[PDB]
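For reference, the chain that follows is the form deposited without ligand 5FL, supplied as structure tokens.
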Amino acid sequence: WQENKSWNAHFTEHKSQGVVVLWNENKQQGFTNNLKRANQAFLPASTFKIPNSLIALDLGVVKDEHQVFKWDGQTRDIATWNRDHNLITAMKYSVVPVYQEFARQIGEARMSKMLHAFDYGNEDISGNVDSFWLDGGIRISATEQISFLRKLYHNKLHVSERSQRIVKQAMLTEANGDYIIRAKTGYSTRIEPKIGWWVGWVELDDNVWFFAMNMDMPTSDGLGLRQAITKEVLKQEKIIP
């Protein structure tokens, strides 16, 4: 591993504080601006939609990425949630109520087994099964996010290959002729310190770069900065143009 504090320029420039952690899959080498923070475990928040998706698919609570999850009819803050969703849009728009229902159907017992199987964070689901990833006992650090994602990428998790492909599909965030980003955003607000997450990978023609970042996010104004700071780091490291 290497610590590169020059990345703090990209944080400070965006009026921000946080960590980005990079994993170069070909060379098996890691880079971060803050070794301590890289290992600090926080609530996964909506980054939990990755393991949650895999388990629901594998257990058949979600048939496929086309099954419609109708709106519960309760108007919420984020207009984008106030509508019917499939897996692709629910991840795209980070649709909490949809996933709480998945957790409710999966159940405490099947959820615990699955997370032990995944070696995911502290594998703690204390709280209710329907929101422990927002305000329960589950904690995961940046480096643990990377370890889990490398297993996903390589179809190595103990759920079906199909479930893995489907979630990787739902993870698609950005692509062009230079790179493909598969990733998931998160925003933990219910327990201090409030933090945003962006975790996933960048696929290049002959290599894959895994990332997991988080940053202090005391207000929902700064959410766009998760991607912006990450991109500035990826540019600096010559991974993207």
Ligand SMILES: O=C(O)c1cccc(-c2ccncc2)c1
The other form holds:
Number of protein chains: 2
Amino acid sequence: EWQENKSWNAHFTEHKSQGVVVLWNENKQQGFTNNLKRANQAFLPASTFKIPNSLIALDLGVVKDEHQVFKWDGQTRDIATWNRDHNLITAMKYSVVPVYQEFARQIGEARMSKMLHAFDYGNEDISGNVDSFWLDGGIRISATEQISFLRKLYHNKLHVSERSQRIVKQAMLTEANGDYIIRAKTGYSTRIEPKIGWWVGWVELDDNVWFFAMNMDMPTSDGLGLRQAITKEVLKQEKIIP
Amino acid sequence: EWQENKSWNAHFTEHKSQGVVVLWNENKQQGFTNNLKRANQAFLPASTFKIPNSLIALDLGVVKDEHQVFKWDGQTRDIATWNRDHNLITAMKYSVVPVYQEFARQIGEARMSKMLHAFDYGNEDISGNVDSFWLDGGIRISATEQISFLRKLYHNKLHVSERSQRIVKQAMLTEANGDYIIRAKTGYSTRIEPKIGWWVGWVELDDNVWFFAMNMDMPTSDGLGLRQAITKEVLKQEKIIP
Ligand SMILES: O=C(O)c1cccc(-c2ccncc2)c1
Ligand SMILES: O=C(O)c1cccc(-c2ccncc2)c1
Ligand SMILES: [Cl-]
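Coords for the form solved in complex with ligand 5FL, given the form deposited without ligand 5FL:
Below is the entire complex, every chain and molecule, led by the chain shown above.
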């Protein structure tokens, strides 16, 4: 079941923003959120779509392994980190859109659609440009649906090879220490309203795993750092991390 | 290719200790150490042997995956974390000797011997008790030999399944942030003189990989923390980590 905790809103109001945090206790099979309605509100996935995109590219051979180099095309873009060669790890670390756009082109409209249906991903609607539908197309997904999708990935239950799912889980590595491990992916939807920021993944503990998925209104890029900051303060309140 | 940098000794002396640090730049294929002799002096692997031990156990089916639970045998031991159920992740995280002793028993002398030779691991001598040879048996490995093994693990070139190697590298995960990822294994040898502590692994960067292997005199358990502190103080000096 699910369960609402309005107290987390204090973290959002503390930063003069508003959004939703959704946690899932794998052991107890229980979910927690500050806003059950927005937890089920479907938004554009934006760069969080790089998870299923990576899975499909790997399983089809578009990506050989996490070391394959995808050379810069030479176009100077507003994000400096995008103007250099990348591999799967760095491409996901820096949310390099142009690399995954090339993945989607080679994947193809048809194969992308078939796989997202097998993943049961959001509304499964890729309408728009094959190389930007997750940014300005018709695909939509809610926070609870992210967790459902993420859970399949953790258990290697998605309909792709185990290898592909392990590699993507490796590429999602964000932070790790003696207390926890975080495998997650950021997102920043700016092309179509509402402008929001994503952060979806999970926290690995010794004896349990806490899946999470959060989105928040992001009218300007200054507040991107709040995606992780607000998430972590909820984790510290729930005593999941020191 | 190899170069000696006696300046690093300052990090050992300010802590009233002695030891060796060995670095290998994968891109440039160059190695650096503070003591060429000790870098090639072979010691007992101790708990660093849990890398090859895990690889063999996985490849033979002794360990099904990183989720298989290994039940505490109900015998109280002086290490609190050992009086607990474990999987490969927590077992390696907490150096749970009893769990790996059962691995070796199930693996068997013959298969254990055969595999270590394929790995070209240390002196490849499993002489002693199958359930403790890496602690008070005849097997020996030097810091430089550890790196040659670690490098084969990183490139999946060892004579075991790719999956087995990916799993162990996941279990080796120790620390991660926006600047680097560390996958390593600690060691603490006390049954045969000299008493030492190990730390072998590597640092993953965006554009390079730094392999490392260090051991230091450990007369008492009070200085175990210096294994990581000293190693990191060298990494900062070589500007491998901020
Ligand atoms: O957080 C993300 O996922 C993401 C993706 C693409 C671009 C940017 C971005 C845009 C402007 N200034 C800073 C960062 C962020
Ligand atoms: O650091 C390790 O890898 C390790 C492995 C096994 C045991 C111990 C140990 C033994 C006594 N007191 C404290 C710790 C340490
Ligand atoms: Cl990993």
